[PDB]
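There are 2 protein chains.
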Amino acid sequence: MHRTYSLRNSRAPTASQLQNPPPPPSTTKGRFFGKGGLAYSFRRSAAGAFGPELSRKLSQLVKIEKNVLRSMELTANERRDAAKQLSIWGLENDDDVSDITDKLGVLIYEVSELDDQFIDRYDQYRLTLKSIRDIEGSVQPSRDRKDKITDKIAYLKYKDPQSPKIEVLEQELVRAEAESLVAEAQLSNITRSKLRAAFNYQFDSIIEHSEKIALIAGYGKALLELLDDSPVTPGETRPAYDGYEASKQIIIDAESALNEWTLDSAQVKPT
Amino acid sequence: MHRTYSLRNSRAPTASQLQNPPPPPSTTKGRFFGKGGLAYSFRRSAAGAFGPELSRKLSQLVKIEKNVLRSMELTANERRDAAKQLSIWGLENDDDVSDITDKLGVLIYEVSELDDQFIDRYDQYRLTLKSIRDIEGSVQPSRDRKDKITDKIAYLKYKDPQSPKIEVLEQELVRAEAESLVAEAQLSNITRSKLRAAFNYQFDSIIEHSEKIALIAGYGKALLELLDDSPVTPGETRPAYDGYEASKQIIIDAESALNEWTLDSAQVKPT
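Line by line, the protein sequences are chains A and B. Position 6 (the first sequence) corresponds to 6 in full-length UniProt numbering; numbering is contiguous. Position 214 (the second sequence) corresponds to 214 in full-length UniProt numbering; numbering is contiguous.
One chain only, chain A, in its complex shape:
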């Protein structure tokens, strides 16, 4: 949607893009459907199946959100595995390198834990959407019966103008219309309420998790200053790294700001 007014689907570069040019496209693009294969697309296909034809789209969205959740669960546990592997690799290295890589590993572990909490809040969002899907599916048969009744009464009117069955189904249809009006009014109310609440909670969760992980990334950037990037000539060895206390103080302050973080202290501000 950010594409410029040209013939190319090229997004307009932001100030960050001008500051640092965008990198080349990733080489990880594999020759695959990109939906987890037929095994993971079985759920997607089953979403588009014999349903109430009304919550079909909503049920499909819910099951797609379940796929989202499964993928995020896959990238959280295996990311914390990556952090563990990074610490294991940094075990046998320079003392400053080992300390700094262990601190980066623990920061990534914090990242994975926040991802898991975001996953739980995502499941709350998905459960609210499941509730709205189920109430919509329960309210659909009312309108289905309404459509069937109006079609049958139209056919009966075609057959003759004085069948008692005609008047009886008209009398039942005036009841069905009122019940369907009430059902659709409450359906609109519940859909609006669930939609607003679920998406407000979802956006609050994502902004909280994202600003928290950004607060973590800033602390990690500050921590990365401890190691010295000055190259050392072959032969003599550089002085030993004694910044253990500084790194521990940095991680302590990061923990303190992490625990102190609250919705009131949301330094992110729109304009």
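Think of the hints as simulated: they come from the structure by calculation, not from any bench. Be aware that a few hints might be false.
All copies of an identical chain are treated as equivalent in the list; a pair is satisfied when it fits inside any one copy or across any two copies.
In the DMTMM-like style, the derived pairs of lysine to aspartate or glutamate whose C-alpha atoms are separated by at most 25 Å in a straight line are [claimed, not checked]:
#1 66 to 167
#2 148 to 136
#3 29 to 73
#4 84 to 94
#5 152 to 134
Fit chain B to the given chain A structure using the hints.
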């Protein structure tokens, strides 16, 4: 209901009973069920069968009314047969006797025709009751579903206090309650309207037919004065009967009053 305040089911004698004592009970009481046998009771039994349990009584009443109609049809055609047989018997008799019995036969034929018209109006009454029975039967499943839903939601509340299914069925039950309120309001309205109209028409039909047949009976009583009841001694023969013109004038006046009869000219008056 007219029984006196005693231990016997003996009705209080009216002024007619004092004027002429009641006759002995009829000897036509046969040793039978009195419902036309099992063949004619098959319909009555089928009325009390797998129905909506609400219009069961009304459907039974309708089918009983059908039995009423069939019996009345049996006694109308066969009564006109009796009138024909009476004329055939009076064929070979005295001239005055033959004329008077032919006039009584034609009066009974008029009676049978009025009975047939009353039967048609009775069928109108029965059709209105069929309509009310059918709308009541169509409205019963609403309350049946209401009862089933409230029982199921009570059981689900017993199981747990937070099942989503519980809230969904409560939301559908608040719709079902409103639709059932509307259905019962229109059911009461239609029942009152059909009941009042059908029974007012039925009572107007019965009073019209009855006062007409009474107007016929009075004319027949006046006509019976033509024949002479004075006994004749054996031997000589009484003078010939020349009252053909008087009888024809009586029947002409009866026809004129029959055609002139209208609801406005209803000389029967309550007090």
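Verification of the hints:
1. 66 to 167: Between copies, since 23 Å is at most 25 Å while 48 Å is not.
2. 148 to 136: both (19 Å within a copy, 21 Å between copies)
3. 29 to 73: This pair counts as within: shortest intra-copy Cα distance 21 Å, inter-copy 91 Å.
4. 84 to 94: Close inside one copy (18 Å), not across copies (133 Å); limit 25 Å.
5. 152 to 134: Between. Shortest inter-copy distance 18 Å satisfies the 25 Å Cα cut-off; intra-copy 28 Å does not.
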